[PDB]
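A single protein chain has been omitted from the complex, and every remaining protein chain is retained in its original position.
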Amino acid sequence: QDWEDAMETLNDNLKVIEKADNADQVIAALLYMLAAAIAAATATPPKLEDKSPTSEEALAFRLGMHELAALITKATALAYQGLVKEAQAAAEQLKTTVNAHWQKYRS
Amino acid sequence: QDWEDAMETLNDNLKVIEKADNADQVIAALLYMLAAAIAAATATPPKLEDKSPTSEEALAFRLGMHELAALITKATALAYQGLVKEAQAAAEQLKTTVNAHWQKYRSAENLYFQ
Partner (left out) sequence: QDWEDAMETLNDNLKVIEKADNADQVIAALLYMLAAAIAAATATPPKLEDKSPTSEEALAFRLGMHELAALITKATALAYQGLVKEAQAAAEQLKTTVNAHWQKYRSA
């Protein structure tokens, strides 16, 4: 999947998490988000199409995707413990961090 | 030897997944693969022994191992849902990707000058 596909998967699974009723649906959605965040870190967003992958700018992009994976993993740990509303709050919060990355690198 | 060892762990656990009878057996094998994929991205394969770790070619290698981690994680999501046949099919697909990475970065010395 290209970068925009991975971002769509993040968007689609955030919507699943906010409507979820039990931990298993929240964890499954977070695992799909984690896979997408890892994939996004290996892809090239539009704003970086012609940049050297070892540039400071490309590294900052990949680190930003790694930050998303950290937050997704923390929300997975909350949900694993049965703290489903807490994991849902964490997902709502990391929606804004995902959005920051999306807006920075899209188009 | 670290990269070759990780690749062996990937191949070993793909066989576990093919023989698995339930979701928990598949998930455990995928978690071992994910650990080996992450470890492999910190290793230097034979093809890159002489290159700067900050070179483009070394980064491309690391991102290729991260691609494998993403496929493994997706298979793990399928197995967590109970979609065992689907996770097994995803694993058969990532075997092809593991093979491609292995052929790209392994030592080619047996093939020199053929």
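Labels A and B are assigned to the chains in the order they are written; within every chain, residues are numbered from 1.
As a working rule, contacts are C-beta pairs under 8 Å (C-beta built on N, C-alpha and C of every residue); 3 or more make two chains touch, one makes a residue touch a chain.
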Of B:20, B:34, B:75 or B:94, the one touching the omitted chain in the full complex: B:34
Residue of A:47, A:51 or A:66 touching the missing chain in the full complex: A:66
Hidden partner chain, touching residue among A:11, A:44, A:54 or A:99: A:54
Absent-chain contact - pick from B:22, B:52, B:93 or B:107: B:52
Residue ranges of chain A at the interface with the undisplayed chain: 54-56, 59-60, 63-64, 66-67, 69-71, 73-74, 76-77, 80-81
For chain B, residues in touch with the removed chain: 24, 27-28, 31-32, 34-36, 38-39, 41-42, 52-54
